[PDB]
Amino acid sequence: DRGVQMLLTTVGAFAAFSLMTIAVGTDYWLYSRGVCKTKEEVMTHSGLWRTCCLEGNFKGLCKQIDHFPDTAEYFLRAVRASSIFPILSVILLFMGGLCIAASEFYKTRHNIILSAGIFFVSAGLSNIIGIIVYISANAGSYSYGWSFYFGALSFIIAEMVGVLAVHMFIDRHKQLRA
Amino acid sequence: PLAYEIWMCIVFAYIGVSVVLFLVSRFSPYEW
Amino acid sequence: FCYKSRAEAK
Ligand SMILES: CCCCCCCCCCCCCCCC(=O)O
Ligand SMILES: CCCCCCCCCCCCCCCC(=O)O
Numbered sequence: 005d006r007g008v009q010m011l012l013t014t015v016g017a018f019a020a021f022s023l024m025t026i027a028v029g030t031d032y033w034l035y036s037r038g039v040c041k042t043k055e056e057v058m059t060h061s062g063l064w065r066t067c068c069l070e071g072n073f074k075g076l077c078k079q080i081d082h083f084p092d093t094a095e096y097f098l099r100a101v102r103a104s105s106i107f108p109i110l111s112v113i114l115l116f117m118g119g120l121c122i123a124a125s126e127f128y129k130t131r132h133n134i135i136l137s138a139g140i141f142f143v144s145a146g147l148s149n150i151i152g153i154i155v156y157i158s159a160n161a162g173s174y175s176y177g178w179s180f181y182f183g184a185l186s187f188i189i190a191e192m193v194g195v196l197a198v199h200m201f202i203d204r205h206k207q208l209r210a
Numbered sequence: 541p542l543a544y545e546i547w548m549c550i551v552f553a554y555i556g557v558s559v560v561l562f563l564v565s566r567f568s569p570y571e572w
Numbered sequence: 835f836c837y838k839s840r841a842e843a844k
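Residue numbers (full-length UniProt numbering), protein chains in the order written: chain A, 5 to 43, 55 to 84, 92 to 162, 173 to 210; chain B, 541 to 572; chain C, 835 to 844.
The set of hints was computed from the structure by calculation and includes no laboratory data. Careful, some of the hints might be misleading.
The calculated EDC-like cross-link candidates involving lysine to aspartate or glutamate, where the alpha carbons are at most 16 angstroms apart (straight line), are [unchecked claim]: (1) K78/A x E56/A; (2) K78/A x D31/A; (3) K838/C x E571/B; (4) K206/A x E571/B; (5) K74/A x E56/A.
For reference, chain A alone in the conformation it holds in the complex:
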């Protein structure tokens, strides 16, 4: 039903946006071993921006990850520093949500739903490039924390909501021609 489809799409968008914003702000991306505060190596929390010291005498103490501790490597370092790919995913998800909102009012345009689909799909692609960049730059034991998996779930949900939006637009234009 239109109703159920629209509700499910709207809920999906909020979930994806919230999950990606939580993930890009929280610091439990990589449970590894390192230094909590530099002027003894212990478990560390790590995130996109700051690393934190768990299990350490200075527990809870956190320091900004030192991005930039070979232009090809400079470019990866820059992209990982200013996490444009992850942050751009949040922006695209936000823009998509605005479009789905503007479907209710200012309706009958039929092209804003397609726009929402394009934004959600594009958000997924940005998210995945972000993951690849992160995983690659974090290679220069370990384990991925719950904020990493929050990011992944955002990708999946965003793709599903994208399919729903395109399908709904198709159904609209089919009803118009029926």
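Chains B and C with the ligands: place on chain A using the hints.
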């Protein structure tokens, strides 16, 4: 043979490719 | 899609 992250990103890529092929192939009303 | 759309003006 392949690391865990390669497998994970293969699944992500599979979802992304499938979704994009669905979109580009069946969104234009000028082919329905 | 945009091109074919503008054409529909015809
Ligand atoms: C065609 C789609 C197939 C999807 C298959 C997914 C199956 C899930 C398997 C879970 C293994 C995850 C390993 C955990 C790694 C870790 O410790 O961080
Ligand atoms: C679409 C092609 C099918 C591929 C699906 C394979 C999913 C594998 C998921 C990861 C499990 C293997 C990696 C080891 C993880 C670990 O060390 O715990």
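Quick rundown of the hints versus the structure:
no.	hint	result
1	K78/A x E56/A	holds (14 angstroms)
2	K78/A x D31/A	holds (11 angstroms)
3	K838/C x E571/B	holds (10 angstroms)
4	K206/A x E571/B	holds (12 angstroms)
5	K74/A x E56/A	holds (12 angstroms)
Going through the hint list in order, the structure satisfies each hint without exception.
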